[PDB]
Every structure is written in C-alpha cells, then in structure tokens.
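Protein chains: 2
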Amino acid sequence: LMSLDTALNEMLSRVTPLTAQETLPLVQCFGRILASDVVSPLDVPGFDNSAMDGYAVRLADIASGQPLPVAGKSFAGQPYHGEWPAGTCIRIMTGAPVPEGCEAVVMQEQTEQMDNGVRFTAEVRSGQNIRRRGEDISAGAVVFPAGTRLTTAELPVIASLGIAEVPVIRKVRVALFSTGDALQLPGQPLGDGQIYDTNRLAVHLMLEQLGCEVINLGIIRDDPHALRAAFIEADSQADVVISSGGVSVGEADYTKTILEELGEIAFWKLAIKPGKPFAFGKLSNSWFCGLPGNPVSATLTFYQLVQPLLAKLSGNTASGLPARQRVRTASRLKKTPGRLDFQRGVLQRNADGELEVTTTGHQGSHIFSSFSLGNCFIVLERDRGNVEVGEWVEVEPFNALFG
Amino acid sequence: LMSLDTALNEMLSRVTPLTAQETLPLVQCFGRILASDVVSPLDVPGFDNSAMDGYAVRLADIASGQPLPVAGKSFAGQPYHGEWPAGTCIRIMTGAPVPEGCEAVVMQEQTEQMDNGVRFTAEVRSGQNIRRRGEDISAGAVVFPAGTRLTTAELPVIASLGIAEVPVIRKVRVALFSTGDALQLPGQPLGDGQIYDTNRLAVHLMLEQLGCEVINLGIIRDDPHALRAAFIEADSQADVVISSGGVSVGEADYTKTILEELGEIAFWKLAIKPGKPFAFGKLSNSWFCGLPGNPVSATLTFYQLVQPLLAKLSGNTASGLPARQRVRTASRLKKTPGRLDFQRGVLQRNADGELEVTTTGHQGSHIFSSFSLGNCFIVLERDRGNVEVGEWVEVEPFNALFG
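Taken in order, these protein sequences are the chains called B and A.
Under the deposited numbering, the first sequence has 406 at position 400, and the numbering climbs by one with no breaks.
Under the deposited numbering, the second sequence has 67 at position 61, and the numbering climbs by one with no breaks.
Quick caveat, the hints were computed from the structure, so don't treat them as lab data.
Any given hint could turn out to be false.
As the list claims (entries may be wrong) - Below are the DSSO-like pairs computed for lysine-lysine, each with C-alpha atoms no more than 30 Å apart in a straight line:
hint, chain 1, residue 1, chain 2, residue 2
1, B, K275, B, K262
2, B, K282, A, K79
3, A, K79, B, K79
4, A, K79, B, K262
5, A, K177, B, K177
6, B, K79, A, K262
7, A, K79, B, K275
Unchecked claim - Facing chain B, a subset of chain A residues (Cβ under 8 Å, in silico):
hint, residue
8, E28
9, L32
10, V33
11, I136
12, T204
13, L207
14, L211
15, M212
16, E214
17, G217
18, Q331
19, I373
20, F377
21, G409
All C-beta atoms, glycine included, are put in the ideal place defined by N, C-alpha and C.
Based on the sequences and whatever the hints tell you, model everything.
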C-alpha cells in the first residue's frame, strides 16, 4: 500500500542529523563527516613554480638572440637565490620555485645546448609555464564544506594545507538485537522448530562497513522483562535501535504490545518485493527500525530503508545510496503489478560493449544466493507487469556491502 | 614505452598468494579471503517442501476429476505425520513438508473449493511446485570455494549452515614511507620551497580501506643511512613496501643506488597518463612499489597497479579492479596519441535516463581536485587523439576509495 518513497520520506523528515563532534587526525577520518567547513590557511600553489623541466628566462635576454649560460638552478626543495646576471638563464625543474624576476619558462625540448650558452628554438610567450601562486586554492577560501564525507579524494587535499586534524560528526550509534526462543547461535543444537539467527550477522556486518558504532545485544529470549530490558538499554546508548528479527512488525503478539508501550511505533505494509512489513518509530531517546524475519526481506529493507536513515543522521549532506541507470534486459522478468520489485540481476558487457542485465535466476525469498550471484538490483516499477527481453529497465548496482 | 597491460602481467606473474591463515568468527570476516572451501554440514532444504500455498495431491485422486476434501494441513512449522485418506487432498503452505507420497502441489489460486470438496483445473503436472531436499545446497557440497572474498552476500549463508567461524588468509602487510628534505609534516612551518607530504596519507587511507595492515614509517630524512635502515625495517615487517614519494623511480641519485643495492628493482616507463615512471621489484623478504612523486600520478599508479597486486597477494581468486562500460561523452576531450589516458569525469543520467560522461575540468596532474569532482575514469585508448561530443568512450567508475 504505502509506497517506498512515501515511507522513505516520512522517515527522513522526522530525523535531525547528529551534531556532536570530535577532532581526529586525517588518517582516522575515512568515511567521516566534516563538522565545519575546511578553510584553507594558505595559497596553493604557495609560490610561482615551474610547470615543466627546463629553464627560467627573461624576455629581453631571449630577444638578445644570443645563447644563455646557466647561472644556477632551482630544484624541488632547493630554490635558486643567486645573482642571475643579464644574458644568463636558470635551469629549473617541475614544481620548483621560479626565480625572482622570471618572466617565462621554456621546456627542454625547445632548447639546444652550446658551449657559450643555451639557445631557445621556439617562441617565448610572457608568463608561459609559470603556475601562479594561489591559482588553485587561495588562503581564506572554503575548500570543503561541512557535511562532506571525507575520502581519499579530500583528506589528501586537506593535508596539502598543513592541517593535521579536522572536526567531524561523531559516529552514529546503532543498537542491534534479535529475539525468539526458536533462534539459536550458529554452532549450537538446532532444536525442533528452531533456526540459526542469521539476520543479526547480516545487519552487524553492514552497520560496521557503513561506519557505525555497533552495540550488539545478541539474541533475547521470549520473556517480557528481558525484552523490555534490552530496549531501555539500547535506547539509552544508541541513536538508532534495530530489531534484526523476532520482534513484531505488525502481527499480534506480546512483542508488539511491548513495542507499543515503549514508544510511538508505526507498523507499515510497503508496496515492495521482497518484503512488505516494516516497523518505524520514536523511542524515548532513539529511533527504532524493525525488520521482517525472512533473510532476503530484512536485508533488502535494511539496504533501501535503514541505510538512507543512517546516512542523514550522520551529517552527510549528500544522498546516501547508489544512483540508477537505464539498460536493456537479456532475460525475461516475471513481475506482478502492485508492488515495486527489487529483483536481483547481473550487469555485464554485451558484444557491442554496452551494459545489459540478466536475472540471477529464481527471485524467491527462500534462498539468499541472488545476492552473491548478481551485482545489482533491477528496480521494477510498481505498476509494471512482466518484462520482455529487449525492454528498457532501471538497474541499481550493488554497493560495497555486497562485494 | 611499456604498456599498462604488459606491466600488470609482469607484476602479477611474479607474485605468489599468501597462504598463512587464521580462523575467525563470521562477524570479523568482511572483505577477508577464505583459506579453504566451506563445505556444507547439511541439506538445504532439509526435506521436500511445498513451493506454494495450495494443496498437496496424488495424481490418482486428481484423475477422478471429482471433489477432493481437505483431509488435513501441513504447515511450515509442523508437518503432517498423520494420514492421507485416499481420494483426498492436503492443504499445504509454502516451505511446509510435503506429505508422504505427495506427487504434486497445486496453487490454491487455481482451485475453486465447493462446499463438499476441492476441485482442480490446470492439469496437475507431476512433481510441480515441490522443493526437494538439497535442491539449493546438497550436504557435502562446496558452498563457497577457497579464494572467495567474504561479504554480506556470503557470510550470512555460512551462518545459516550452523558454522560460527572460518579459516581465512591472514591480512596482507604493507610498509609505507616517503622521503625528501622538501617535505614537511602537516603541522609545522613550510621552509623555502617546501610542501606538505600528502602521498603517504593517500596511500595509507587506501591501504586500510583495502584491508591491509599498514606500517607507516613516516618521512625518512634525506640521508643514505636513514633510507637504508628504513628499507631494512620495512622489508622485515611487510609483504609489500611502498615508497609514496622521494625514492627514485628512475632518476640517478643516492636513493636509486640504495634501491639497486638492497634488491632486484626494475624501473619502468609506462605508456599511461597521468604518471609514467614506476619502480618495482623484489627485496629480501618483500615486494617493493615505488610511486612517482606527483600526487595524481601516485594515486593513479597505486590504484591501477598496486591495488591489483594486493588483491592477488591476499589469496583472492577474482579480478580486483572495477569494470568498464561504453558511454557517450557530453564533453570535448583533449587526448594525445602515444599514451593510455586515465582522465577523470562525471558519470550522470541524461534526460533519457541513460549515462553520459562530462569531464571534471582541467586534467593536469598539478591538481588533486579531479578525484573529488569526478566519479569515474574515462579510459581513452592509447592510440586515440582528441575526442568530440557524442563520441563513444570507455568509463571505469571509481570504487569505494574515492567516495
């Protein structure tokens, strides 16, 4: 009934991104959100330098027509500070400080050595090959704004400015747990109608990779106080509490009524596949996310619904989930109108070099193999029916959580 | 001269995958390589079960084309160890154990129930809708082979089997360091033509995200003896030692001679852009990778050369570099024949919902901003000359290391 977007929208709208911050050295900020704009403390480059390997010259000497002896040189961390008499030139290296009064730099290639100097073959244009100070970044400018997710692309640039540490939003704290007497820890006796608790492992893994601090309370037994105890603790230590399974997502049972008295919880029926049930709401001091028991469902729901909520809570001022792209299907897709189907597929190059998708195979939620076999989701529109080979389709590539 | 491919082959061919292993709980295995095959301790499913909610029938009573009364029901939980009165059908719910003698299952959605029995329509083709024992995973079967990089896709499957831990290749160890009087530590004054060290931070971040153990030796002073010791320390601690800057990659100098004396190090000139120079070889107990001193060059070289070598060394039996897709350029590109150009661009949806690439802007290696503004590489073929709007180009989207 309720659409994904509607649900995603109602969730995000009520959330306030975190603001608490800590200051850590650059090497520790991968994936962390900047707390406040990074303002450059200096100019970049910090001095007029050479764009090439060659010689620094003055236009009037070049005009003299005669060869020019080398009066000295400029190296990486060795700038020339000598005399530089008229009719002389200065051998210079890439990125090296240009000498005082340098009006141009000409690359070796346009140079012919001599015994009485250095001849310059081609034309010399004023200012050629002199990277000017501050031309790339100026002291006082905003290099990276707050909300930016620090990466290999940004941290090294911040380092170039002499900054050793930056203030970032504290990690998001997420509490995780499952409940039920039928659930057993892998490496235990599988009772009669029992099963191995696997969703919790799935969510823990993803949570860690996302950069969250995880408080894993393990499996809670089917007892009213043990369950209430887990919520009070979780709500008191985390920003978000997640039920990996067991706790009611709508069905009537004691977990539901316990949920109802511990916060304002909504029990939605989403127009999606796989999945459908999903619990969301506010607890005394945290947000609550309840996932469906089925492994394929809870994973899809976490990925499409929980992942985004965590991204906005972190401070990140950008979208937090892969973008889609249109492509043709080399496989026939069984789709039932009424639900937005997130099928699993395999993106690959055709013969003409273009992308096409193929189904990973059976899309039933009784098996978990589709996640391993495919590298994307084939996001089929709610109203759409069956898809025939050759039709265009929306594909969403898997992020790093799935290899 | 030398080609990216020729160079990759020479490198990889000489490397032998680590084999040392350790056994760890599933939750600590993300991104880790399986040391040995994961063999299943059971069948999945563990018995024949219904693939639908309909009714379980005998091809006999279904020939009578008469009414079949629901003798009983078998649910996902408890089966039907009762009895099946001839001439009747059994109500069965998906994942529930087909009753003894069941030859088929019909989706209730294809059978109208009269106030005396259940009739059926679409001929009940034998075996239909029956999920057989070990159909997905047969006991003693190889679920995941050694060499597999464990992810959210594979780990929960392993847990479903009752297994709580697995043996995985030990983390690859990489020693890192830079050198050159010209460099300062982000945090101190900038001398004459000094700049802050940045390559080291860049490689360190990627190495950690890549899952390696990093031994960062900082900036080594510009002295033959300090360098000599650095290598001795690095080599005695890592599987791979990487010079992020300073050590020669071809130019004659004390660093070159210390390299040549401490190991069998080759010096290549690749036909790539940015970059070109690249040192690589064997040390006493480790591989050495020497990157150009240029920021864009080093990052690029590391990404296309070292990343792949770290994957193979890790035990991973899968190509460890993103894939490419053909796409149209919405930007004019300057390219010069002779070198394989790894330009940077921005991949985005056109008005048609299809992908097109725009350039990030200036492509000189004198600035790092490209990696931040772009989301992929535009791999312009070695022989290609300029490129005009509307042309088909190859694109390699960035992986998790750049955001």
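Against the structure, the hints:
Our distance criterion of 30 Å between C-alpha atoms is met by B:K275 and B:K262, whose separation comes to about 15 Å. A distance of roughly 26 Å separates the Cα atoms of B:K282 and A:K79; the hinted pair therefore holds under the 30 Å criterion. Of the supplied pair hints, the one linking A:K79 and B:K79 is violated, its CA atoms being roughly 93 Å apart against a limit of 30 Å. With a C-alpha separation of about 28 Å, the suggested pair A:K79 and B:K262 falls inside the 30 Å cut-off, and the hint holds.
Between A:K177 and B:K177 the CA atoms are separated by roughly 25 Å; this keeps the pair inside 30 Å, and the hint holds. Among the hinted pairs, B:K79 with A:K262 is consistent with the structure: their alpha-carbon atoms are about 22 Å apart, no more than 30 Å. Note on A:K79 and B:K275: the hinted pairing holds, with a Cα-Cα distance of about 28 Å set against a maximum of 30 Å. For A:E28, the interface hint is violated, since its Cβ never comes within 8 Å of a Cβ in chain B; the closest pair sits about 17 Å apart.
At a threshold of 8 Å, the smallest CB-CB gap from A:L32 to chain B is about 6 Å, leaving the interface hint in force. Below 8 Å, beta-carbon pairs count as interface contacts, and A:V33 has one with chain B at about 6 Å; its hint therefore holds. Given the 8 Å rule on beta carbons, the hint for A:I136 is violated: about 13 Å separates it from the nearest Cβ of chain B. A hinted interface residue such as A:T204 counts as satisfied when its beta carbon comes closer than 8 Å to some beta carbon of chain B; here the least separation is about 5 Å, so the hint holds.
Because the closest C-beta pair between A:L207 and chain B is about 5 Å apart, less than 8 Å, the hint holds. Checking A:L211 against chain B by beta carbon gives a least distance of about 5 Å; that is within 8 Å, so the hint holds. The criterion of a C-beta within 8 Å of any C-beta in chain B is met by A:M212, whose closest approach is roughly 6 Å, and the hint holds. For A:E214, the suggested interface contact is upheld, since its CB lies about 7 Å from the closest CB of chain B, less than 8 Å.
Of the supplied interface hints, the one on A:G217 is violated, with its beta-carbon coming no nearer than about 11 Å to a beta-carbon of chain B, more than 8 Å. Interface hint at A:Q331: satisfied, since its Cβ lies 5 Å from the closest Cβ of chain B, which is below the 8 Å cut-off. Annotation: A:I373 was flagged as interfacial toward chain B, and the flag holds, the nearest CB pair being 6 Å apart, inside 8 Å. Annotation: A:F377 was flagged as interfacial toward chain B, and the flag holds, the nearest CB pair being 4 Å apart, inside 8 Å.
Proximity of A:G409 to chain B holds as hinted, the smallest CB-CB distance being about 4 Å (cut-off 8 Å).
Against the hints set out earlier in the document, violations occur for numbers 3, 8, 11, 17.
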